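**Q** The residues making up each chain are set out below.
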Amino acid sequence: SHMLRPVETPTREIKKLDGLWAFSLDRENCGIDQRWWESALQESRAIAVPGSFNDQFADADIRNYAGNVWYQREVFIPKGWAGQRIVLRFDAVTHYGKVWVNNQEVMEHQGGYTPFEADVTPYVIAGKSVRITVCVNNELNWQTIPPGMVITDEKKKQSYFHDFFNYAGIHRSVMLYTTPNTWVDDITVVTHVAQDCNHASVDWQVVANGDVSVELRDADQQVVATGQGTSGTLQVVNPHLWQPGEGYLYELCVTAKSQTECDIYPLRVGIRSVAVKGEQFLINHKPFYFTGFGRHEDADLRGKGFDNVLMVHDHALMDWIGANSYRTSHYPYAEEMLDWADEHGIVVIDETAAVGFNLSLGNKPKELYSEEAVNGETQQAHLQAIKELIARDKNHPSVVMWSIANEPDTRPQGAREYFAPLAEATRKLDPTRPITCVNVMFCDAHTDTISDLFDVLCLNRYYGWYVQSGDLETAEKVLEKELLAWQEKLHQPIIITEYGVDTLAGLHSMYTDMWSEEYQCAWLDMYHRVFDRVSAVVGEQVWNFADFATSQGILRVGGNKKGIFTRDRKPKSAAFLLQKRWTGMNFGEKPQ
Amino acid sequence: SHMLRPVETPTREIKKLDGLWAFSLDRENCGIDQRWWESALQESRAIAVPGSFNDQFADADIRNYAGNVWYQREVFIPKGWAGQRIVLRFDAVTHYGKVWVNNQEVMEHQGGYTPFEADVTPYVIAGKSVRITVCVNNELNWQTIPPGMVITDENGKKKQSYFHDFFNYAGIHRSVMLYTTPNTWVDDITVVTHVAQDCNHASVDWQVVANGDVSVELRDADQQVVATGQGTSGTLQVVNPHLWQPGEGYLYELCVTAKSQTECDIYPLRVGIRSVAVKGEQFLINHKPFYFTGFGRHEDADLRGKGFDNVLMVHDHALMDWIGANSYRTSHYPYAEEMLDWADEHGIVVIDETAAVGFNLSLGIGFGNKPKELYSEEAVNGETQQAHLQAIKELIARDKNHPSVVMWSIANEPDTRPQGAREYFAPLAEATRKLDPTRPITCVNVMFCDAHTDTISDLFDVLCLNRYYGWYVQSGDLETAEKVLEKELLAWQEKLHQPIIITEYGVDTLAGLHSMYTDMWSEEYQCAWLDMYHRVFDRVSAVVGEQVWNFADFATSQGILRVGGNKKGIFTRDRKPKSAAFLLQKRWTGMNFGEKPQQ
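Residue numbers (the deposited numbering), protein chains in the order written: chain BBB, -1 to 152, 155 to 362, 369 to 598; chain AAA, -1 to 365, 368 to 599.
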């Protein structure tokens, strides 16, 4: 469970395994039987790690593959790591990985978007080359997060219920890292902030197999507070709060000392509180207004693979357009993104991979919550996905809210019985952040059965698109009516976590009609006018930052075209509309 | 200067410094005066290394910047490296870099496209963090490869003028790393692979520089020792050798051990056993005629500019393999060495080119006022020629052992009309042959320096012609273009009786522009015009190759000739195929591998 982000210290080294690996499909599904991990993969080819495997090859038969694929490389253990605790770590393997070091099985993970690792000290020798084999499986069933159904025809075909392509592979960094045989295994900080903002407290809890001391250092490396033992509270006079748009960070240096060994782990800490009060979202006791995007991890060639240039360029576009926030739609993002948000003061709604709990979007069993679909084991798997997300992200000050799912069908019998325990367990795992369950349009104010269990109303709305098609005048009436009915029903802060229309870049129309750039601008504008008239709306996240790949079908013109930007990051007209609205408002303040 | 590719060995470790660095412009040019390397960069932002700096930020003022920029990060020296020789290496900094480790100046390099490195043993402590600062300059002048002119406006604002048809991207384009050797190490290796006529025997010469006794083991792809030797130099005999063949690329491994009394070093060099030679109008690989198919390329992609990237390299190789391409040219600069490791392993044939494009003031591509004499003290001069010689030396020192590299191109499209041209190029031709006698040389020929006009192609072994009849002239007229093209190729065959590679033929093609009139800029014209070239090539016995310009659409300087860039791609910049990709697929997969097509 304990999952600290590897960082280089006087007591910790890292060796990235990113680069070219050997790669092989297993159409006969005989690689486990033939123990492929005991040899060089036969009939293999070069693949980039990190990256989705699907689009690296310009090959439809690989892109559409369902089953196991195999990655392998050789790596030299640094000579100096003799006597040291050596960990092998995968930041993310989509959706399942099993790992062998030479002929030793070392670890296994279900969940495509959070890290897994094993201590491999006993199975490697410092100064020698070792063989790493990974069996990666991209199949979804009713107990995976997200769910799906594999149909077999004779040949496997993956069915799934979410509007983004089922990219798979080693999407994020692989690495070896070291600790001493005494080490800091875990840290929780809780950051309290007086109402007047003129004092703050920092609770710590540490797990380590040796005596623990902590030093809190400011941005200038001046020690502002010190403590001892596994737990306690640091007092901070006149603290530099972590504020949206700035993101001042302290460093909590955790030392675990044995008589013989010592370990130093620096954790970035942003001093901020988050709370809902009535229909206001407060950060450091001040109302905040969310602007920005639903995103995806999606790009040409690399699929959902992490990439620094893309992270730099996309943050430069969000900065320029005046976005203050985003949501990790619809899975945990690369941790680098949360390190970025921490440092630049970007506000994040951190979401699990639990999209698709919904059989009514655009074969399938009769009852959504039943033994044959979302069941007891599904709910366990969902709890595990929430635990892994919070265990990874609990200390990121940029994360202001947990979204435990996107667009579940809450009409059917058993929805509330499924969600209640998940809402409760989320609050116990992290009491410091509000929780949400992002709401599908047809589960309206008069229909939805679970919104009372959550703190903030995150509504996905597309009136004037899938319904009242091309009619802004009717869409505006229906939208305003529904937001006010939500305000009346629950008196929670409302974030519109999804509003957008498919827009084909370069399609221009004097009739302002669907798919045109001019429609995208008129439709976003109508939404904005309505949001500004409703006092409960504390945010707006446009769907989507950029055009992204989907499953093939008649609704998707080479993918999802709701982007503000093209997949190659070129702006549509609507990017300039958002630039003016979001840079023209006062930072973090509801427009008028 | 000795430049072995770093590889992990029982005696050698590597630590990549790729990732996010601190970045700053220096618009006032006060960073050397204020010694910016002595502290945190002051007004900095995160940048990805490797990558061009220009397009990471969606910011015109950064994209169009001329002068110095500043890169910086901190890094821990691995504790276990104590007692090891520690080297800091940049695979490429475009166009100039100076490097500091804390406050010690350690390195400087001019030349945007090959590696530089320094022994930093004395300036670091194993187990402690050091600060690496890089001052990177992107300015071209008449002594840079490639050349250019910085125009300073009346307000002191710098604008880069340059004479080549690709955008002057700059930054740390390739991997940065620390690596170790023991204090005894293999510093340099040259192999020469000789191949009997009958192909049933081969010999492998070796030469090694190292501060210790040298032994070699040649191992086949199964890791079985086929030959052993001793000393800094000698010859290994190989019975029934598995030749490095185009389309397969079988590799041996030459393990070089340097042993002192106390420590030792093991360096494995991949060796492809193959001979290259020109005989008459044939280009011979392993004594058999070869026919080149494939592309002029560029290092160019969305967002990252000329930055290296594994996913792009995997995807592009899968597109070249699919379309039936057997070869490419590193137009117009040395490419990331990972490309030549790929070519070695899969048997792709490569024309390795220097960065010496732009030696030509009479094209319409690039971009103040051009000097009147191209070869003069005030333009291409003695110091330019020295800088060009240095660029050729550095390329060969890097690539001399890649079996995939079958020919050196020392420049692209110089103006060879003036008398100065032969005076400048002759000594460069001679010095290239001395540096590597195992490969033929070329100088890629511009269209207006025709068979009746050109003054230097006799000094080279292979005629690499860049031709665009029916585009820049005889615009849209396939009938006239075809006559002029055939006439000129036959005039070249008569004049020099060399093998001819068409190293550039292409037309601007806007993806999705379709025409029933088969006229310029349409997908249909791209198809009809490449087809007309193919028909002419197949009627000329001297034509041993065809490399389409270009693999993919790529960025250029803004101007009236370039519709958001160069649109001569077979693929779009996002790697989507134009109709002409399917035309090339049929011709190149329908011919016999490596064999001149027929009518």
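Among the hints, a few may not be true.
[Claimed, not checked] Just a few of them, taken from the derived set where beta-carbon distance is under 7 Å, the chain BBB residues facing chain AAA:
#1 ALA44
#2 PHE74
#3 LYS77
#4 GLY81
#5 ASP300
#6 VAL309
#7 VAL312
#8 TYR375
#9 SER376
#10 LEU459
#11 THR572
#12 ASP574
[Unchecked claim] Below 30 Å or equal to it, Euclidean Cα-Cα: the simulated DSS-like pairs (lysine-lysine) are:
#13 AAA:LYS14 x AAA:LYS370
#14 AAA:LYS393 x AAA:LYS155
#15 BBB:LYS370 x BBB:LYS155
#16 AAA:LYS156 x AAA:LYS370
#17 BBB:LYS14 x AAA:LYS96
#18 BBB:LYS96 x BBB:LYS400
#19 AAA:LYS370 x BBB:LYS14
#20 BBB:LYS126 x AAA:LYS155
#21 BBB:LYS96 x AAA:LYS393
#22 BBB:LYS77 x BBB:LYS277
#23 BBB:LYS77 x AAA:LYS257
#24 AAA:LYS126 x BBB:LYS77
#25 AAA:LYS155 x BBB:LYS77
#26 BBB:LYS77 x AAA:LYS77
#27 BBB:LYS156 x BBB:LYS434
Hints listed in this document are in silico derivations from the structure and should not be mistaken for laboratory results.
Think of the CB as a built atom: it goes at the ideal place given N, C-alpha and C, for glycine as much as any other residue.
**Q** Verify the proposed pairing of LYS77 (chain BBB) with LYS277 (chain BBB), using a straight-line Cα cut of 30 Å.
**A** The given pair, whose Cα atoms are some 56 Å apart, is violated under the 30 Å limit.
**Q** Using 7 Å as the Cβ threshold, decide whether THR572 (chain BBB) counts as touching chain AAA.
**A** violated, 9 Å
**Q** Assess, step by step, whether the Cα of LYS77 (chain BBB) is no farther than 30 Å from the Cα of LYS257 (chain AAA), and give holds or violated.
**A** Measuring from Cα to Cα gives roughly 19 Å; hence the hint holds.
**Q** Would the hint on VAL312 (chain BBB) be counted as holding, given a Cβ-Cβ threshold of 7 Å to chain AAA?
**A** holds, 5 Å
**Q** Can you confirm whether the C-alpha distance between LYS14 (chain BBB) and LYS96 (chain AAA) stays at or below 30 Å?
**A** holds, 27 Å
**Q** Per the CB criterion, is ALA44 (chain BBB) less than 7 Å away from chain AAA?
**A** holds, 6 Å
**Q** Quick check on the hint: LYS77 (chain BBB) CB to chain AAA CB, less than 7 Å?
**A** This hint holds: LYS77 (chain BBB) lies near chain AAA, its Cβ roughly 5 Å from the closest one there, short of 7 Å.
**Q** Hint check: is the beta carbon of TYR375 (chain BBB) less than 7 Å from a beta carbon of chain AAA?
**A** Since the shortest Cβ distance to chain AAA is 40 Å, the answer is violated.
**Q** Any CB of chain AAA closer than 7 Å to the CB of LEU459 (chain BBB)?
**A** violated, 39 Å
**Q** Is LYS77 (chain BBB) close enough to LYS77 (chain AAA), meaning Cα to Cα at most 30 Å?
**A** Within the cut-off at roughly 10 Å; holds.
**Q** Taking the closest Cβ pair, is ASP300 (chain BBB) under 7 Å from chain AAA?
**A** The hint holds - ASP300 (chain BBB) has a Cβ within 7 Å of chain AAA, the shortest such distance being about 5 Å.
**Q** Can the restraint linking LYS156 (chain BBB) and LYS434 (chain BBB) be considered satisfied, given a maximum Cα separation of 30 Å?
**A** Answer violated: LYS156 (chain BBB) to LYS434 (chain BBB) is near 40 Å, above 30 Å.
Consistency with the previously given hints fails for numbers 4, 8, 9, 10, 11, 13, 14, 19, 20, 21, 22, 25, 27, ordered from lowest to highest.
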